[PDB]
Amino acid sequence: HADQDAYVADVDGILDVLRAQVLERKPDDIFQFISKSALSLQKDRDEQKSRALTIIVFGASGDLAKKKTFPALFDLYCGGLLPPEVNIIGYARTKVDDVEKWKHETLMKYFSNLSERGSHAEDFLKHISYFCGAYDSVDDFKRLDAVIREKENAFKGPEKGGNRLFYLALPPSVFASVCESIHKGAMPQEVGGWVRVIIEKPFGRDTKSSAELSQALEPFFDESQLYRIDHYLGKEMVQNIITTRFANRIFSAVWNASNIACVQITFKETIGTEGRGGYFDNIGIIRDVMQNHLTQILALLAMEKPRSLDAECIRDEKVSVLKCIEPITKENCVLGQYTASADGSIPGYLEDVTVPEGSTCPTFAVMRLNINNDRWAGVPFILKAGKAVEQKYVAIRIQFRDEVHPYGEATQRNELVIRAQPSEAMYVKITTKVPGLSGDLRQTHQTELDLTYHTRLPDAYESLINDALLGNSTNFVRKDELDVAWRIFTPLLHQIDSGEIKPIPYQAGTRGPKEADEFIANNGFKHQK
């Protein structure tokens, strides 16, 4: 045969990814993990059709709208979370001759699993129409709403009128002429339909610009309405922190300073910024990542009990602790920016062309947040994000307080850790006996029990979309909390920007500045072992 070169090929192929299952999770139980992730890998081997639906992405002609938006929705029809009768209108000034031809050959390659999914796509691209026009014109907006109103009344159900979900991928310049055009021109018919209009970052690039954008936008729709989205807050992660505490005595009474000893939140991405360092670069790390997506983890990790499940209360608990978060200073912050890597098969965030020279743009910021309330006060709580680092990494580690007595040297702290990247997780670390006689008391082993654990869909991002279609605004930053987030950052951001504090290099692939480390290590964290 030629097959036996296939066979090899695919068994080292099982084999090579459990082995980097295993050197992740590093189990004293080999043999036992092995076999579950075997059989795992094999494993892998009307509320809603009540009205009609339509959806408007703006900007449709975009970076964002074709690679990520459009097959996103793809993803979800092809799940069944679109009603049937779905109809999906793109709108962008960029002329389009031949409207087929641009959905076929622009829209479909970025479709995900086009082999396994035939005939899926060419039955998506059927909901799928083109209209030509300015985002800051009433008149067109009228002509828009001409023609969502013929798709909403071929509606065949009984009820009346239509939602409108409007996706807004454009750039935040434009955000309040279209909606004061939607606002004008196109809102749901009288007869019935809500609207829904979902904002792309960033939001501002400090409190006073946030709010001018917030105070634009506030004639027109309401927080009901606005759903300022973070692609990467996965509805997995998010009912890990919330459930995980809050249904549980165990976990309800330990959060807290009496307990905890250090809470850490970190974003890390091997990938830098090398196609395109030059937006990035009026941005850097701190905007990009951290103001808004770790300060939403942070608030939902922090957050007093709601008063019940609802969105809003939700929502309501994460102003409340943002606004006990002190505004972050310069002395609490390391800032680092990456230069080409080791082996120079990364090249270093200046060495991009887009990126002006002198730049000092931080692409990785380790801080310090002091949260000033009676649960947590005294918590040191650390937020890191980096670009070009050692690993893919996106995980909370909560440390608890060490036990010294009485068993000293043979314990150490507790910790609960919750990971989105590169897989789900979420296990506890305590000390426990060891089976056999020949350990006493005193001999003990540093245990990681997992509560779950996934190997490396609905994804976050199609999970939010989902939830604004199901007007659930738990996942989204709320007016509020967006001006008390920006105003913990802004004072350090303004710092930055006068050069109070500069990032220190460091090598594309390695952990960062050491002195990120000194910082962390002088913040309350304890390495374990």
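Take the two forms, find the largest set of C-alpha atoms that superpose within 1.5 Å, and that set is the rigid core. Residue numbers count along the first chain shown, from 1. What changes on going to the form deposited in another entry:
The only C-alpha among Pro406, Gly439, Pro171, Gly192 that moves by 2 Å or more between the two forms, given a superposition on the rigid core, is that of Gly439. Relative to the superposed rigid core, the position of the CA of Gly344 differs between the two forms by less than 2 Å. Relative to the superposed core, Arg117 undergoes a Cα shift of 2 Å or more between the two forms. If you fit the rigid core between the two forms, you'll see the Cα of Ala521 move by less than 2 angstroms.
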Contents of the next structure:
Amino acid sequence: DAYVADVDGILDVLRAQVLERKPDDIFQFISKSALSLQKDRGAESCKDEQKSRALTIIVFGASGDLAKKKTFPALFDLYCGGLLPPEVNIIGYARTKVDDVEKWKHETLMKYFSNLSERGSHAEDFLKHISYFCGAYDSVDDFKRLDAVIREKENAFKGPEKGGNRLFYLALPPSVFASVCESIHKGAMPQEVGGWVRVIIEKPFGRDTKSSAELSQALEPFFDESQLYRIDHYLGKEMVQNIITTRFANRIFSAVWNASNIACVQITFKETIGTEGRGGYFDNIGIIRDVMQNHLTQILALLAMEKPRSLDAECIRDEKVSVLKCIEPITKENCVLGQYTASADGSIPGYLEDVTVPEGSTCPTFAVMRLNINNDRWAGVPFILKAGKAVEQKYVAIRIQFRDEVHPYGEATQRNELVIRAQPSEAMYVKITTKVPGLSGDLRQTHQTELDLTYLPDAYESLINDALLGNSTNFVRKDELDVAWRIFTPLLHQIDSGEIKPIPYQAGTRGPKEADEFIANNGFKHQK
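Now that we've seen the form deposited in one PDB entry, could you pull up the form deposited in another entry?
Chain alone follows, minus partners and molecules.
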């Protein structure tokens, strides 16, 4: 029609990832991607055992931001995908008094549902499953009325199986977890006639070894590890679960997955955004506690763990704790911090320019560190963990550099690379060196190419479905969490004591120049 030329808005979406891969101007790449890029639009539109028992999902802190912005929207997308039972009942628990609960669902919630809102109004049928309960988190009596309301919905079930399953979501600060679980234990446990209870716990799981061990001990008398589901927003990503399969279902990758073949392993987490006006409470957490101690450590555990003896959930987790116990605590000389300042053009204000940050504080927004795994498989292999905010690019990936085959080709070849990227675009490719397809020459004419492999909810909604299915594979265990803290706690105390302090770097940079020097000094090689 008139002025509707989104083909210009269309075209640079094609361009954005031709700069991401830049493969030898392959005309097939421009073509073969194009129809798959359009058939993204061509493919979208609006268990037999979970039906068997009534299910109740109780979201504590429904008034909270995480509950309204992704938690309830997560359950919405699971409903449209058919991943929730038809008689599921969702109850929001919060202290704030709200009347006209349909207005609360249709205004303060309906502000933050999925973009499929126009694709279909199944949400109106979804909101009929949502109820609101106002009460306290430390009141045993309030949870008994919650149990009464839940029982009036479990006994409203039309199936023959008795009881009901209760999934409790703690979208609350961790200081409230202990009292909430005590109130559940004393007042709102599942009916004796049948049903399980599972509790999802959100981060931060403490701030050090002593801090987190107290939290797990405060929840011990109420729920075991089969009932506690500490959620990780990255263990649901599809390539990080694929790490297990390519390692252990293929002899090719398994035979070279050791210190006798691998030169360097780097797990990097990059964001172009800063705290952006809300850094006052990131100032007390730091980059290490935010994404390094939990996310990158989880990825490292799957990358370096020994072969599980079965594909059961607790066999995989057993290997994760066993390999993490081979890691020495990180020292201050194996870590370089950073704190981002204002952008050169002034686009992104500096971290200290934030009103909410206490000026003069040394909280790190950037950190690169080396980890050592002392076992037969990984003795001597440098494991580099990198994480920073407000950097040159948005990037979460694994880079595995294999040791160079030196003698036959010399400077005509370089290190092999295995790369697994999860964000923004999923990919796994193996970079090796082949002979140039032009002519013969001296057989020393070579170029580094890559070997790219061919191929409903997001990562967050996968984990909730995993919890509803009883799969604890992608949730960190209590023993697993303690070992991770013991690795990082001695370093974190040095950070708080000022033994190492961040180096300033402008927004949009790769980070401090000392970070890249540290990376190249710990076994990493770059070719351009």
